[PDB]
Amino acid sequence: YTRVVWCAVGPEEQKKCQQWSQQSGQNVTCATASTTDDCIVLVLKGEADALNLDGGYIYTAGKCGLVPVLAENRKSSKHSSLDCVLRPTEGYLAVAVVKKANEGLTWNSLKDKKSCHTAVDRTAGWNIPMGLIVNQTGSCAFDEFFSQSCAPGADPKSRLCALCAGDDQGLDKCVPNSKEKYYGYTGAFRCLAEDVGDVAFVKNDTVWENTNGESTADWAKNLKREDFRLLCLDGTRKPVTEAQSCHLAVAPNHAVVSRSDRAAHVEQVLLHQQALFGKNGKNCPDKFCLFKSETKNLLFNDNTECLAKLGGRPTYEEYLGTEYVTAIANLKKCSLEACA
């Protein structure tokens, strides 16, 4: 009744949730699935209450009646006077990254190169990039643009999974969850750092968070920003400090979604939950922090300051914005539970 059932995607996320459930005294319990879409089915079924989602999945859920409840908010310099829970969300920059040593690689010479995506159906890792590529290309054969890629979610036998690696033993190749070495923002970036792929479709924050000694992770401790470049849409190549003038798009922050007849309940518990394990919670540092997972973005991106109220009690289309919504629609033209 006053308890929330969260849906975790994959084994690593289920571990962090179990910990969260334990520290909350059952105020929050977990449900597990192997993929985000399965997590959405559980929520529709009623066996799970909520889960945080990238804009790409919100589109999907939205059609199935789910609704955004709260959104993640990272630290910004403008809009200082206002608290985090009430402050407007700015969204993030989807960028295309490359190794600087890869001279001559530009947005115009990407065909047949090797791409690293966060996962199919995600904003910065799939929808924005393949969206632009389907339009400029005029074709729907985005499955043939790149020679080889790693796009968690696609057919394991296809070229779109050729570069993925699976887990420690090579099992779960290409599964859209943290078990895949190259899954998500971090996964896709590693995919480039290790020179597996030629280009990685992530977000501006990912580069910074994993370069210049910010990650301490063995595959990223020796990473230096200067050795990276962004691919702008005009054919130019700018430093990672010029993200504001060289990005593919601004994307809507990830957000917690739930069934509408529960949104109120999910919100109440969450706000309270975050006042205890949030950025400045009564018990985050000492006992448990909802927004930490040592660079893996488990349940929430590690750069989340807090979960913000929406205000305007927005529908999923409104939340995602008309801009992004068409982009997705146009792309989906090329391809219950896809509830319309």
Given for the second form:
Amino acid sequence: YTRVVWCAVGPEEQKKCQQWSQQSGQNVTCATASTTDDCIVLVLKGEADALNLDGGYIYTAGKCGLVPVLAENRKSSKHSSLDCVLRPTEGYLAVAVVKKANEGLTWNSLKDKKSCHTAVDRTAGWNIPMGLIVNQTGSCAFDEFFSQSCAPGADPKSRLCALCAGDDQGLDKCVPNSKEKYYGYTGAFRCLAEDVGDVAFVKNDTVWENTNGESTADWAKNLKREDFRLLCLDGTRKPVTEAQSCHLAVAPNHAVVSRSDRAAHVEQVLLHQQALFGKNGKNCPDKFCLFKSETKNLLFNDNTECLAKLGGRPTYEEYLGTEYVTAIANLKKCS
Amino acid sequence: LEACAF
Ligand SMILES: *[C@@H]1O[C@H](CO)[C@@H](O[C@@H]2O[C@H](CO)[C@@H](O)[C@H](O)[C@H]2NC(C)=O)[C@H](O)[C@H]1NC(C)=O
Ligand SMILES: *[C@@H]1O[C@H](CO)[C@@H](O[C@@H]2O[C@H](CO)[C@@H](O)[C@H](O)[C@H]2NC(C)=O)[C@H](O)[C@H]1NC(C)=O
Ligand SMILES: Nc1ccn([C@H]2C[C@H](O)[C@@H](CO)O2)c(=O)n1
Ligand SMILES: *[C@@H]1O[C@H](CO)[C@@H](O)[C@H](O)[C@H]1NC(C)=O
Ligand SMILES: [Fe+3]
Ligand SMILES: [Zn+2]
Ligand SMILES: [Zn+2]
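Would you mind generating the form deposited with the partner chain bound now that we have the form solved without the partner chain?
What follows is the whole complex; the chain from before opens it.
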């Protein structure tokens, strides 16, 4: 009765989930929704068990009583003696990325430029940059700051969706799932790369994984890191190798959430699913890799090395951290 | 300040 129902956001995640479902012998099966918020509702109704969320979505889910269960953990250096499953998580760097050739764009000259955001309510793509901008401007009018944006999940007719491209048919403009061409870390970095926007709010790892041949994908295969700079909060611009001194925040890793009443079962099932399909899994690369989707970050980030146990059975507030939680609260006072 | 958005 530890069949776990995974919630897949949009059709491409649904398709990966189906392949996992098949390979797991139906130990995992799939519910699908059009948006992460709808997936959280399925979970609240007990029609789905679990999904992996960005931190801004953990805030939504945790306000509704869902709880973190295991965290994404990626490649490390300190704690290298520890198994991935037991290693604490280190968070990721939220950065603002621009074209090196867009000279004299700084953090301080962002007003009226064109932005690319991973999705509204996400950590690096939205709560951190807009939280900081609202704070620095003294103004809740975050929808008037950038001239045009792609911020998937905003009103499709608003300027915050103007740059979004929708799917290969032009349908679904600005839907917050991977059907939207500019959705997600990779979508928003693509919106910069193709110069639809002036600035992408993604994380440090995005830049590296879609540059210098790390991605074979047609829009990314020719990008060189040297053509990009980070915007530091002090007004300077740095190379993308300096993200440790040039970021907007350290974000809590993406984590699996579930209803509390199902958390222990979801954990057990996932720990065994990743022994089969995770990074050195018995059946990956052979049959299925849970943490691969050709750079589209479907269900989990493709840079995930394992899902790791959480120290201290944290509540969603403890997992997010008090400072991040309050930053999210404060920003939400605007809208 | 507090309560589920659904
Ligand atoms: C920013 O992100 C990149 C990509 O994740 C990091 O580079 C990786 O770091 C690990 C070990 O530290 C290396 O073994 C990988 O080979 C690197 N990956 C690639 C694709 O180059 C970089 O360390 C991160 N920088 C910071 C400050 O976090
Ligand atoms: C935006 O401004 C508010 C106000 O300073 C910040 O919230 C404060 O955060 C500090 C540090 O975590 C807390 O001790 C205060 O109690 C919080 N203040 C209030 C009034 O709630 C918030 O962190 C800022 N946002 C960002 C993204 O930096
Ligand atoms: N991808 C990440 C995530 C975190 N950090 C480390 C550097 C931050 O400065 C530190 C904050 O405690 O965590 C890092 O270098 N790279
Ligand atoms: C499915 O779960 C059962 C019960 O724990 C286990 O015996 C089996 O190995 C699992 N198979 C897969 C492919 O997950
Ligand atoms: Fe994120
Ligand atoms: Zn820092
Ligand atoms: Zn606690």
